[PDB]
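Working from the sequences, and respecting the hints, build out all of it.
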Amino acid sequence: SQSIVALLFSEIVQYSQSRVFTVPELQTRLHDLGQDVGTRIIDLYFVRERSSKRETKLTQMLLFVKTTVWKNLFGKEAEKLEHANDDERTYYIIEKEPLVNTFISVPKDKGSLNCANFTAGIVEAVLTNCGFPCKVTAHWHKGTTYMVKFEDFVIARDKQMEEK
Amino acid sequence: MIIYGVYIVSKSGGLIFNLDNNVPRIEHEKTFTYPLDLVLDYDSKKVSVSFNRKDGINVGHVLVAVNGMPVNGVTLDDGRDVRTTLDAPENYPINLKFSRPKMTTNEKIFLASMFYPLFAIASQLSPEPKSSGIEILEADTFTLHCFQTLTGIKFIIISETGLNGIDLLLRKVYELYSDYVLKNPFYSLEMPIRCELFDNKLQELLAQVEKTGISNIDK
Amino acid sequence: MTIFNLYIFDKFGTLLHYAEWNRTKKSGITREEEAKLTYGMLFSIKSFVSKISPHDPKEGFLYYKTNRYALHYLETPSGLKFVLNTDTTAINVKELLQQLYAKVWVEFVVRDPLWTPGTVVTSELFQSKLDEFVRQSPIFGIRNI
Amino acid sequence: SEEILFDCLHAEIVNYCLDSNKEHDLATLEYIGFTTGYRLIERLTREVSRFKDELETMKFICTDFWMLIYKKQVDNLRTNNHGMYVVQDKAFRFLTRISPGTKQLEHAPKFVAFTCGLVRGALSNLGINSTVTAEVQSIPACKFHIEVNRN
Amino acid sequence: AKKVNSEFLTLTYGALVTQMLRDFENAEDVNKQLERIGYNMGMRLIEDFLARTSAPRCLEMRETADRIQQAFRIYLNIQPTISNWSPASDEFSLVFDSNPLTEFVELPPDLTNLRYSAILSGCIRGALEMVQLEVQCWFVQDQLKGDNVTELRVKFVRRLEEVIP
Amino acid sequence: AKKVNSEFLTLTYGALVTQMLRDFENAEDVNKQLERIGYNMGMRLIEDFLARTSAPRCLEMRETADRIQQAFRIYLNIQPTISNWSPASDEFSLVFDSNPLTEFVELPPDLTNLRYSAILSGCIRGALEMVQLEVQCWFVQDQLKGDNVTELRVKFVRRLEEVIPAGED
Amino acid sequence: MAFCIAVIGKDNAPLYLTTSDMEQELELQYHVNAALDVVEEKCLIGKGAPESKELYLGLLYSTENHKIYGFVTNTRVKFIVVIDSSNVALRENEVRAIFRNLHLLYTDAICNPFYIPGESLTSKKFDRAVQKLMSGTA
Amino acid sequence: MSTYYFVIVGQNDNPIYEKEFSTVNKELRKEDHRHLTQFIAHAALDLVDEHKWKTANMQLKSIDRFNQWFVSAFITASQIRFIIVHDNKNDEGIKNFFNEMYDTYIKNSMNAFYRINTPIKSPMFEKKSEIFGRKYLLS
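Residue numbers (the authors' numbering), protein chains in the order written: chain F, 31 to 194; chain D, 1 to 219; chain C, 1 to 145; chain B, 2 to 152; chain A, 10 to 174; chain G, 10 to 178; chain H, 1 to 138; chain E, 1 to 139.
Treat the hints loosely; a few may be bogus.
[What the hints assert, rightly or not] Here are the simulated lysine-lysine pairs, DSSO-like style, with alpha carbons at most 30 Å apart:
(1) F:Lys101 - D:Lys172
(2) C:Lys11 - D:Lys211
(3) H:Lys47 - A:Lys11
(4) D:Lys97 - D:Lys172
[As the list claims (entries may be wrong)] Derived Cβ-Cβ restraints for the label pairs, each shown as a range:
(5) A:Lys164 - F:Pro137: 55 to 61 Å
(6) B:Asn152 - A:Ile91: 57 to 63 Å
(7) D:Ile217 - C:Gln98: 38 to 44 Å
(8) D:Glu190 - F:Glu118: 50 to 56 Å
(9) A:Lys12 - B:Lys73: 20 to 26 Å
(10) G:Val166 - C:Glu124: 37 to 43 Å
[Said to hold, decoys possible] Chain D side only, calculated, beta carbon under 10 Å to chain A, not exhaustive:
(11) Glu29
(12) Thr33
(13) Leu36
(14) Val39
(15) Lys45
(16) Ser50
(17) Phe51
(18) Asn52
(19) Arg53
(20) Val59
(21) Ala120
(22) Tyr174
In short, the hints are calculated from the structure, not lab data.
No residue lacks a Cβ here, since even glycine has one placed at the ideal position from N, Cα and C.
In structure tokens form, the structure reads like this:
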């Protein structure tokens with residue numbers, strides 16, 4: 031079903047709002063929960079979709095996550111995965127479908143960020159357990175996008191591997 | 001054809017959501033002469049007409065702005081009274097601008113508050129037994145469909161007299177109500193609806209119901 | 001069209017007359033307070049339809065329908081109020097109530113010297129005329145529009 | 002039709018209930034009214050003879066008047082052993098407006114007084130010679146016995 | 010034959026005015042009591058008039074004049090020429106070439122102030138307070154007073170509205 | 010397409026339970042607030058359960074039992090079984106076969122006082138609130154606790170509605 | 001030519017007008033004409049003239065160059081005129097019409113309630129209508 | 001025979017859970033060897049980092065040597081390290097034996113109570129470890 035998950039998740043969000051007295055670390059709680067779910071989402075979806083195969087290439091693993099996590103979680107794989115050439119540590123994954131607004135959400139006057147942050151935390155946990163620790167920020171740029179910021183160590187290991 | 005005002009009220013009955021469709025209230029104009037056939041009877045800051053209806057003018061129809069001077073209460077914006085200009089014949093002929101008093105937000109809130117117990121107490125001791133409250137009201141120019149979800153929510157939408165199948169529209173707004181209340185438990189079950197998502201999806205519903213055909217139930 | 005019951009109230013708001021043929025649920029409160037509750041019912045309905053209507057109410061309110069019964073209304077320009085009540089299936093009863101008003105109530109209330117406006121209407125002759133007139137085409141139902 | 006004007010106007014005829022006269026209306030209404038009815042009678046099936054007398058029963062003029070006015074003829078029309086007689090109707094037009102319960106009898110005789118004291122004729126049963134009283138035993142069943150003013 | 014059903018009211022009303030006169034010598038008594046009884050009369054007939062015509066109501070003045078001339082047309086069978094319109098048009102004159110309430114009673118009622126249209130006043134007045142029109146009435150001209158033609162003048166004041174339901 | 014995975018919702022709920030237990034050490038409060046949110050869901054959930062079937066409120070309590078029974082097949086895609094009615098024949102027992110939120114989610118024996126999935130036991134509560142039929146409802150055997158198949162005991166208490174739909178309130 | 005238009009009650013002369021085709025009768029015939037009319041009416045009534053049908057009686061009397069017509073209403077009212085001739089150009093159908101109209105005016109004055117029956121026809125409006133009937137016949 | 005011994009190295013490099021699969025002897029010396037093998041878990045950790053950057057597959061056959069022991073390393077998508085110390089190798093079966101303990105560890109993963117590098121406490125996983133070890137390694 032959809033109503034059960036959409037609601038029940040909404041009570042996670044608002045009960046955090048109960049235990050939280052402000053916007054930003056409310057969003058931090060949403061991130062932490064996204065992490066705590068992705069921390070197993072990762073290696074569940076590993077076997078059943080990746081055929082139990084590891085992708086050392088950041089591009090390939092990131093693209094495959096983009097397909098898989100969205101295909102099974104919210105059906106539609108995210109529209110586009112892009113790498114910014116100015117900052118190789120910072121890439122983007124734009125998902126025009128808002129997973130927060132699947133359950134049409136609160137006015138963003140009293141607040142800014144939403145379940146977008148929760149799925150961003152999912153992405154961040156997937157990255158950090160795939161051996162690619164990263165910072166994933168939900169951004170209302172061109173609709174819903176997740177900016178991913180790679181550790182200079184991780185992107186450096188990548189660049190060294192990208193020396194064929 | 002359009003659904004004039006889609007509303008909803010809590011158990012207490014406070015109008016939760018004043019979803020107004022685009023409803024062009026009729027504006028009338030006329031360049032009048034020396035003191036008027038129109039009944040320029042003053043009634044509590046509402047300089048309106050009760051008797052002597054001409055040219056599609058109703059009882060509610062109230063002067064808005066002579067020659068584009070909006071009325072504050074009873075006075076001119078420049079500060080003269082309506083009757084102050086009424087006694088003055090030099091400016092005549094002068095252009096009066098009449099509109100029916102458009103129901104503001106608080107007006108509609110009071111209207112729903114005063115209405116609610118009507119439906120709630122609707123012939124509680126009715127001649128037929130085991131009956132319900134008012135399910136459908138039909139009026140001279142509109143028909144109100146009220147649908148209780150067997151407790152709590154009352155979907156109240158007013159459509160055209162000849163319109164048919166409004167119950168399905170109530171079904172769809174029930175669906176979209178659920179699709180909204182998905183998100184905010186801090187949105188109390190009796191807080192007014194303030195969310196643009198419901199607004200835009202209902203604008204899509206209005207665009208649909210511009211077309212009579214409701215199929216795969218149309219949203 | 002056989003119906004549940006009919007109510008007649010003066011513009012002031014008193015119970016001019018009540019008639020019953022099919023009213024099944026017999027209330028516990030008195031039919032006097034019941035009549036006043038119906039009159040408040042009707043007047044507040046008239047206000048509601050007058051004000052929330054986007055277009056000019058010529059005759060205002062028409063009727064309401066419920067799950068199990070339906071109620072129909074008639075405003076005279078005199079201010080007199082008729083209300084009928086029944087089940088669902090019939091011709092629209094606006095002209096039915098108008099025919100009843102013109103042919104019976106005008107015939108057998110106003111024309112009576114004993115009838116003094118501002119009082120109740122108590123006469124077995126009018127009770128008869130009303131009864132057989134509803135029994136003129138008396139199958140059932142309303143579905144008024 | 003042009004009945005409700007007279008019905009109401011007669012209701013007010015009753016309405017003024019001054020404590021002086023049992024006749025809210027005098028026989029003047031009578032005289033002028035059947036004088037108009039006589040205007041209606043420009044023909045009557047009575048012979049032209051100056052040497053012979055033919056009588057036009059007040060009963061017949063009464064019934065034709067009534068169709069013109071009350072719109073329901075006699076049900077019983079009995080000729081008393083005198084020159085006088087009695088008329089009996091199961092229902093009366095003004096009385097159709099009220100139930101048959103005996104509550105206010107006294108109005109109906111004032112109603113039907115419109116046929117009392119009519120400007121007479123010489124011969125017996127000559128059309129208009131009328132002295133009559135109302136003796137109503139039942140509310141729709143209105144009865145009226147005439148008395149010969151002479152003799 | 011027997012076309013005109015109603016020449017009996019011109020003499021019934023004549024009996025009314027004569028006996029009111031013989032009861033009270035004052036010329037204005039037979040005017041005011043006669044007006045109030047014609048007022049109750051108008052109450053009693055406006056109901057049937059709206060029963061037939063099914064007019065919505067007299068929310069406007071011209072439509073009110075139309076309804077009133079229609080009422081005169083249906084019962085009293087006279088055509089009220091609606092004329093003499095005020096610049097504010099709150100009032101209009103009813104032109105009756107032939108009085109319907111009478112048919113040639115006589116030009117002198119032996120004495121003045123004998124208002125011969127008081128029922129007519131009720132006829133025009135009563136209906137108004139039943140169709141919810143707090144209206145004043147008065148007669149500007151009476152052909153029966155030695156004049157050519159009878160004109161009435163009726164001035165709406167306040168829209169009677171129901172209160173405290 | 011059911012637009013969800015049983016595992017996915019299971020992960021979200023288990024993480025939330027972890028969250029409360031990290032918040033309040035005492036399982037009493039986590040039970041309280043979990044039933045609170047069960048009440049919270051159950052009030053809106055009935056707004057969709059009645060968006061498909063327009064069943065009359067309650068002709069009889071077996072109607073309520075079948076309604077709540079079909080509800081879980083609508084949402085959690087599991088068919089519960091209704092049985093074990095009193096001689097009073099108002100109460101009943103209800104069997105949940107498989108719980109998507111449960112599926113291989115163990116519980117700490119140092120946390121036994123917790124009623125893990127009682128949200129459903131509260132959802133019906135929140136559901137039964139709405140139709141004006143409050144209910145004393147809870148479990149008598151828990152597949153979570155080590156029982157064979159899940160079994161919740163429904164004691165209806167009292168009504169809140171008259172011959173009118175508006176009812177006492 | 002002269003006509004005397006007369007309505008008659010039981011015994012008196014309520015309204016008699018002595019007019020001509022030119023004006024009122026200047027001749028001092030008033031009393032003689034009134035007496036002749038009353039005697040003729042009484043004798044004819046004693047004979048049978050009291051009858052139900054509206055009674056036509058042409059040339060029921062014949063004075064010096066004045067021939068009389070009597071008419072009877074079932075309401076016991078009589079009507080008289082004369083023609084100033086033993087012979088003059090006129091008709092009798094015109095007499096029928098004019099006394100039918102005379103009855104019409106009679107009952108229309110009877111409409112006037114201030115007029116108690118059995119009185120002189122006082123109203124100059126009614127009387128000018130009567131002399132207009134005169135002009136209709138002379 | 002091989003003194004099989006399994007050890008977990010967590011995401012944050014801290015050790016988690018061991019499981020012997022050796023014959024019964026020298027247990028007091030086996031305590032010192034357990035310290036040794038936790039140190040070997042760290043040494044594996046270090047080497048298998050770059051060695052798994054060399055490859056992209058699940059199993060890295062055997063890396064470190066100490067003149068009697070063999071060190072076999074398993075890397076997951078969970079970037080956990082599952083390590084066996086053993087005198088003579090049995091790799092051919094342990095590839096999918098690691099796959100099966102992987103699946104069981106996934107089962108623990110759905111248990112949200114078990115969390116990131118949160119040390120094993122469930123009896124379920126302990127009895128799974130016992131039955132699996134008696135299956136292939138401890139045998």
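Query raised in the report: Is the shortest C-beta separation between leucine 36 (chain D) and chain A less than 10 Å?
Result: holds, 7 Å
Query - Range hint compliance [Cβ, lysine 164 (chain A) to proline 137 (chain F), 55 to 61 Å] - result: Holds, at about 58 Å.
Query raised in the report: Is it true that the C-beta distance of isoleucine 217 (chain D) to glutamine 98 (chain C) lies inside 38 to 44 Å, as the hint says?
Result: At roughly 40 Å between Cβ atoms, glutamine 98 (chain C) and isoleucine 217 (chain D) fall inside 38 to 44 Å, so the hint holds.
Query raised in the report: Are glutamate 190 (chain D) and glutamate 118 (chain F) spaced within 50 to 56 Å by their CB atoms?
Result: holds, 52 Å
Query raised in the report: Close enough to count: is the Cβ of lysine 45 (chain D) nearer than 10 Å to one in chain A?
Result: Check failed: Cβ of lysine 45 (chain D) comes no nearer than 19 Å to chain A, outside 10 Å.
**Report entry** Pair hint outcome, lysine 101 (chain F) versus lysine 172 (chain D) [Cα-Cα no greater than 30 Å]
**Finding:** holds, 28 Å
Query - Hint check for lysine 73 (chain B) and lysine 12 (chain A) - Cβ pair distance inside 20 to 26 Å - result: Given range 20 to 26 Å: holds, Cβ gap about 21 Å.
**Report entry** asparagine 152 (chain B) paired with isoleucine 91 (chain A), Cβ distance criterion 57 to 63 Å
**Finding:** Because 60 Å falls inside the window, the suggested range holds.
Report task. Grab the minimum C-beta distance from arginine 53 (chain D) to chain A and call the hint holds if it beats 10 Å, violated otherwise. Result -> holds, 5 Å
Requested in this report: With chain A as the partner, please determine if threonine 33 (chain D) meets the hint condition of a C-beta pair closer than 10 Å.
Outcome: With Cβ-Cβ at 8 Å, under 10 Å, it holds.
Query raised in the report: Does the alpha-carbon distance linking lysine 11 (chain C) and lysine 211 (chain D) stay inside the 30 Å limit?
Result: Given pair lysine 11 (chain C), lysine 211 (chain D) is violated - Cα atoms ~43 Å apart, limit 30 Å.
Query - Hinted pair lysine 47 (chain H) and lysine 11 (chain A), Cα distance within 30 Å - result: violated, 33 Å
Checked against the numbered hints above, the structure breaks hints 2, 3, 4, 10, 11, 15, 21, 22 and satisfies the rest.
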